[PDB]
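Student: Given next are the chains, with one letter for each unit.
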Amino acid sequence: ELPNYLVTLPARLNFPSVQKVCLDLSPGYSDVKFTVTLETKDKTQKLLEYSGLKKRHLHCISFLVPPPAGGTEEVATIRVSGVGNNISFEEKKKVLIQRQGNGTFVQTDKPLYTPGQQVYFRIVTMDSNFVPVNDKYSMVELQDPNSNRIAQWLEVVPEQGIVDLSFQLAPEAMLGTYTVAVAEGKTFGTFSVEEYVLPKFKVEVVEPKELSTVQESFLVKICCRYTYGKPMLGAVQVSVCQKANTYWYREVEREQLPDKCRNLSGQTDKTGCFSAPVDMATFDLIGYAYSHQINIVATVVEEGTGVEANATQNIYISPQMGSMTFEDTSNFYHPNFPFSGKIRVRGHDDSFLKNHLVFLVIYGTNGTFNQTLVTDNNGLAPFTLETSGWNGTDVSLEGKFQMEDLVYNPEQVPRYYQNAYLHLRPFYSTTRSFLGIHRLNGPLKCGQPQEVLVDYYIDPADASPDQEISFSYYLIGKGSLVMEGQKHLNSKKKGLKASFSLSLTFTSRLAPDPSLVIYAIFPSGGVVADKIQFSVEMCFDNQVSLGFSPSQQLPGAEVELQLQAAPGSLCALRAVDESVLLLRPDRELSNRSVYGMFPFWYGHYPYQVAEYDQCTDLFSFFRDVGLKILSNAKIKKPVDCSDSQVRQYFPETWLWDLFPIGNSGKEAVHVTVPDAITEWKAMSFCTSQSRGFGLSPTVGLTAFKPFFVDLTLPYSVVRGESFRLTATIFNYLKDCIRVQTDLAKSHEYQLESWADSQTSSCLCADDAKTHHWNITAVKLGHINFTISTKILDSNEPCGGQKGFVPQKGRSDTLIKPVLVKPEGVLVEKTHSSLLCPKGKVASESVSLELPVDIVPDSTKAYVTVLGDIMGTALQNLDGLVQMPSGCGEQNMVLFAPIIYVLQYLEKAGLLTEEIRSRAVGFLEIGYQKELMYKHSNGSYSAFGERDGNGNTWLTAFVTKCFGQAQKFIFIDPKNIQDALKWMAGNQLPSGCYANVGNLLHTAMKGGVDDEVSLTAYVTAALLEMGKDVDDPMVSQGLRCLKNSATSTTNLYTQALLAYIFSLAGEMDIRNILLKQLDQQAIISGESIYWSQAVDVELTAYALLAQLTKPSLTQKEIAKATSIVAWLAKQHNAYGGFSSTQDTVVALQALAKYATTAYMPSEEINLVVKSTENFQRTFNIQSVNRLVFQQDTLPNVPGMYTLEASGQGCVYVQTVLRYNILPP
Amino acid sequence: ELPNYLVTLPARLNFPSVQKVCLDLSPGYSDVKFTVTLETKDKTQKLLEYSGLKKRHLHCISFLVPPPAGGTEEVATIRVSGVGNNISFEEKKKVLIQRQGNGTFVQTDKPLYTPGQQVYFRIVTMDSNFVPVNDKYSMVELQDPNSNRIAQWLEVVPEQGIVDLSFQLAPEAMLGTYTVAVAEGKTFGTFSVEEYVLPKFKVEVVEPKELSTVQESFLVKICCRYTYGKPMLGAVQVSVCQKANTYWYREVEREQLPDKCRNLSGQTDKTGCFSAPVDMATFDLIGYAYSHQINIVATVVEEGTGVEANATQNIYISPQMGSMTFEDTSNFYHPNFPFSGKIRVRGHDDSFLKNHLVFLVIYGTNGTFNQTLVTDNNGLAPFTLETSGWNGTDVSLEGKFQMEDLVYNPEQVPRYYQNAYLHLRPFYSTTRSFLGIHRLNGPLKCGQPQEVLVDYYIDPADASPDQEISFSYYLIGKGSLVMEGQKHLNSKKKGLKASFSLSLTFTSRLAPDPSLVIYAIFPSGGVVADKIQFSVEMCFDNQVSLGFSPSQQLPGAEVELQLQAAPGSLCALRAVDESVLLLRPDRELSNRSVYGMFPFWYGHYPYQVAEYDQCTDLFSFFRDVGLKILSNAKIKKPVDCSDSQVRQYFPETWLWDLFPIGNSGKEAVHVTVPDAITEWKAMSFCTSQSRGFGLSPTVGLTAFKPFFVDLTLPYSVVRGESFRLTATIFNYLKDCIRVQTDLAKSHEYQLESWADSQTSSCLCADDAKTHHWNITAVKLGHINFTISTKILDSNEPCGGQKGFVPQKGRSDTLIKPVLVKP
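Going line by line, the protein sequences match chains A and B. Positions 19 to 633, 669 to 695, 726 to 1175, 1191 to 1321 (UniProt numbering) are the ones given, in order, by the first sequence. Positions 19 to 633, 669 to 695, 726 to 905 (UniProt numbering) are the ones given, in order, by the second sequence.
No lab work stands behind these hints: they were computed from the structure. We put the CB at the ideal spot given by N, CA and C, even for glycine. Be careful, since some hints might not be right.
The calculated DSSO-like cross-link candidates involving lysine-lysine, where the alpha carbons are at most 30 Å apart (straight line), are [claimed, not checked]:
1) A:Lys59 - B:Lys154
2) B:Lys110 - A:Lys154
3) B:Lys463 - A:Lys764
4) A:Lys72 - B:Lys59
5) A:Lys239 - A:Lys764
6) B:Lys72 - A:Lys873
7) B:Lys112 - A:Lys749
8) B:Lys749 - A:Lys943
9) B:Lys154 - A:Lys749
10) B:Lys749 - A:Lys64
11) A:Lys248 - A:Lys891
12) A:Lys690 - A:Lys515
Which stretches of chain A does chain B cover? Using the computed rule of at least three CB atoms under 8 Å from a CB of chain B, they are [claimed, not checked]:
13) 72-83
14) 249-259
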């Protein structure tokens, strides 16, 4: 016999992890010292030293990995060496050690906020094995919808992997999509802040969920239900419609047909759900001018109330009436042994079909085979096939509904049958023996031992009867070898179709789709092996479950709450209203999102250590699961080339408390239900360094009362108007009752009161009596509307019999707040100052006034201080230096911004030398990327060296890029002088732009793309490095441009021709067009910009025209400060790699503005002082520099003093909002 | 009638841990809202918002401890407030918050080094819940014994709570007790460095371990064994001696009588244990001038070699021949209900005596009572007493051997009976009921769920049959609440001596001495309770074991070491030689040492939050464990005054590695044994954040060969000076064989030709033959000395028969380095 060995490691090692390495020894050897090492550049760690035994032995050891010798990634070398008695086996492979993606998320308690609320949020960072990581954050930031950073917490440490942070939102905070970022990661937790009111009912479709083209009619069923679980009445309008399909060509036959649609009007039943049938004779399933799509817009208005809900459902019409997919089968067959599998058969309605005659056709080189099968009464079709006629050839399985396909017809869409296709490859079995694993149905549970049966046959032609046989099994989860073992079997049985069993246990360390690989090496050297995948549900380490008792309980009294988790955990709990999830769907915190933030659905070898043998077997079996194998056994295929209750409450988020789980595993807390009659959806994620991360499914506590009231009233209420206060009184008791309703009159709202002063009415079971009022308000802010109802004892009978009072819940009151705003139209007066003392005190007196037409308590004024030139995304400027390229003409516009960002960063005080070196290395390898576009004439071209003389734009761009890169690296100026002779030859002094050269990409050279702009750029490119006017090229350029300077027109071109005269330093003709430039600029507050993508370019060129010119004054300083404040919020000003030239010109405008006037703050103490001797102090040093701080001032608006002391420049913006009478 | 509440907190909160808090409520309430909250000097978190229920309910929640506003230690306050329906209950009590003690130990691979070797050491931090912390180490330092810091490490980060560091000692490093110190703290580890040679055998006493005065003559059974488990023949000289005791007055009568020594010479038997009786009347037991403490110094010399091993056994001589101690009993007793207890019965050797009539006498105000009791065949005396006639008065119990004590005599030392004395206090019981907890044996077993039987009697005069009575139980360990429960019983059973059971689980969170408190509040206002103290062995939550397979190996063959700990744990190793432990005894790394690393007085409040009266009940039951109680029930009494291989090897440690544990909880490694004929003692500890710290027993591997050699030679050799190299040959084969010996000649050393060749000889079973040579050194430094022995087949009989050649063990080649100095 020949002894063998097999060592297996993960191919992709992870740095804070503990991994396994397995080594299997044949019998024989038994005198050879085996040792395995992994060699990094820092050490040589031996994994195991070992010797052979008299039997086959599989030995697996765990190890802490070496750190990577690079920054975060290093190719280490795995080495097996067997020494001893004049033989030295040595084999050598490469593995990869990298710091894996520590995935994080941020969970706000709500996706929605009124202004004045409190944004609570938890940031969780967690490992690939769902272990929490206490890698403490540098910074976390909360930014406006204007991308302006308004909150920042620095150097924050998490407890048990999670951190909670509370930001009190402003009562005057602007409406939009706020964002929260951590450490400048890939996670941007966004929440909306807007004005909203809570809907009390959800409308949804029920029966239209699938539609096929073979149906005749479908029954639209629209169910509207309250949040507390009761049905309701109300008028229903359902718009069922198919829109016209927009074709892939958008220029011809664009005059479309109108959308085909039918509108349903109705009333819901006693179960509160309206049903009506709609034919598909209305819609055009045959026609390609209409999409295969039906929009259902269901709109329900409550009876006598006026509130409205809508459901927007999208249905995709499918001509496919049945789906047949392989789901439990292998991609490989062993030769001349039976092959097993099963087919999932489903219909159009994704339901498990019954008693279907499926037909399996087999394509092979011997002959086409056909076999029919019948599904069972569960929806599966098992099959076993005899492969002995397949002759070791790759075959094809096709499961079909019928033998004959549908003939394509003009009058009807051909209904396609989704067949079951499979390709079977012969396994590389050099020795005749068989393994097979019986697969385990659908999704498998976790924490319980799965019993898996393994079938085998060891033939007595390659294994002698004295040789003990053993099967080595590996369970691989998420690309790491997570379970190992070997089973020894008795050698006396030898040749029979036998079986044995394994007892596995799937968990969160196991994948959603993990693998089982079993193998057996014979003493002949051949191996027989089989692997299967698995369907494992998205489980977790902590078995968390949430429990309410008694789970449907009256509003205002206690409910016991159970947390089930692993002991020693710290667990976070969110109990929130249903109604706040009715407007915006919540940010999905589930098992699928936690499993989805780690991108490892592929497994496999990485790019760094991949083995390209090609110019299936056991090596492919370990390659597909992501394990490096080193062996001398025949595992490689040879390569081939081819009782009154007062009710004020907490209707928003209810529970946001942290609970550490004790040693019992379970923990209870009694919580008091808020008085809003809704459903509370609660969820919890528990985390622990012991077991891991666990996530409860969300549960619901239905707070419900039998008899109650409900006020409805809008949120956006202005003063003076009479709004519709609608009070819907609900009786859900089974007996008819009498109610008495009264609004408690106070001195804070006015009405003339239809049916007030303790009105009385009669109602009965499932009844909603809607009283109406219109109310006008006199106060401001939040004011309370209070109502009370009682069930009177019936002196007279009504509704038939005498009314009956319940013993409990006889009375019900309600207090509801509303926000009332001042009258008139709003208008803002803003004033900005750039206070820059240089080691001193700089002061400014600000005066802001108001016309005398104001209603009282309407004027508000607040001041904002900012220490930085722009809001956020300095790390975007850090990331602009990456991603080199050499394809297309986007390479020059991606290699342009490096010199600009390293000019910008050194004047901001945050320059780093390692990105300096990396960026100039990228620029030095980027100098070679413009060399194969060099023309044969001695110039550059857009594409090819034979196209012709190049365009002036690209030659001027590479002239600027070569002349502005001499401050960082060595660029020779000989190519500039080689280009200048072709600038002189291309444009005549008698006439400029003789039209030689063309760009490959259109709408790219500018916003206008005319000849005078390209001429002014190529004649402005010479003197923009620091040169004066000394050349014939710039002389003929100014000769061409001085005629157009007096011609005016097209202010973009006027600004960029004022740019070259500002480079010339002359004030004679650019001042006669400067006055018509700034007066045509529109005003957007203090963030103004010039208006004629094109406007941002015009703003950048006019900022450099106003900045490059000499004699900068303070009004020009404030004007340019307003311009760069508008450019601060432009996300297209920086962040584009294949974008236009706007990015580099706005970025060099930022660089020149940091050069000349505004340098960033490093120590500013600011004080504001008012008329009424009120003062306030801001501190802006280095980390609250970007924090855009606010302060609300209580004085009557007048003259105020704004003083800045220290070293640095600061920006102060004062905003006065007030309301004026419309006449 | 009158509703009652009870709030329980630990009285000493540790900052990185979580703590329980408990609230128990009577039937009644259901309209008030109880808030318990813990305020400190920066924040106030609401521990429980909680409305009342119509039954009795026990609700307990776990909370994170607030940070210390004082920096490391502060006095917070917990308060209870029941507000609602114009009812305002408000009470408060002070509690202490301090940072928990970070324990730290350092181990080394050996406790003893020659200069020129590598010193390894591991330093481990530890919490009071035995979980390791990866706290940032500032600096660690290594000091010469002249108080000079010779090595220095700055800014070392722990990997899974431990640090593993190495240092190369100098080849001319001077001799003394070097010290490893951490951050100028209280932790230090001393290792001695001097020249040594490894002893191959040890010697200890077997039979003399206790001396009582009633003996006539006592056996001295000295016994000497090799490290590889085999007996040895030799010459034994034992000095058994009684020293003259120095007087307490150190000013007069300096003339001292000579020490009563007896010298015994002997040869060990085939089992290698020398036994000889010594008449103990030679030693002066009566007089005070001679000490009551014998000292046995035994020196054993191997024949033909000259090496010697000494053992010093210091045995106290005691006149005590027995001990009555109370160990399973309560300090309290309930009035007019039976009281149970158990007595340990031990003799002069502290062994369990059989069939001893122990006598219980009871000292009370009604009358002194006597009772006799027969022990079982285990060593226990279980008794029960009626307390109906005791009338609620504190009593005393005394358990004795006999009624009459021994008369003091001038001619004899008065031998004392160590009786069992106890004082029983009356329980403060306002309402008549009984609650007793049955005891559980001696030291309990960790991890297994024990079953405890608790019996009770609820008197129907002070209870109502319609309402149920629920017993609340607290299983408390190491000053914090561990396990909780509320177990109800219906009062339809009425008044009887009923019983029920609890399923307890004891872990490392629970103490070596944890407590169990069971109580109940009746609606009259009274309370009934019982507290017992358990006894658990010094346990760890991480159960770790080591196994060598096949646990006895010839040198040169691999051995599978199996290491069994929790998954996700990082484990140390130490496979030291036994011969290293024979020179310097190891500093103790055991469960006693780890549990004694932390102060374990406990059972009381801190002095900053202590409560005292002007001058037992449930409040004393919670004081004696150290828990704060806020209650309005009758919980306080009214105030009153109170074949051929060459053997070069590893005479240092064999295994010193870090093996993390995978998910199966098992690890294994085939480790190659070193080529010394010895025993390797291996021990490991594992640190995990999940299951904490775990420490394994010291398992042993006997690396043994049947036929081998050994070289006796000193460490230091003066160059140009002759020494005696003594090579001994051991035959442990069962037959008689013929050996042949060749000492390798080289230019590194010179020989004087003493039995140069033809040293072939006959060695029978369990035999040793020593050959001496006169060898001098010629060159400086380390010198190899090589000996090769083999078995030759010859027709010349050895012992009357031809020497049978082995199949394994035919030859043995040994290489020993030696140090040569000028």
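Student: Could you tell me which of the hints above the structure violates, numbers in ascending order?
Tutor: Of the numbered hints given earlier, those the structure breaks are 2, 3, 4, 8, 9 and 14, listed in rising order.
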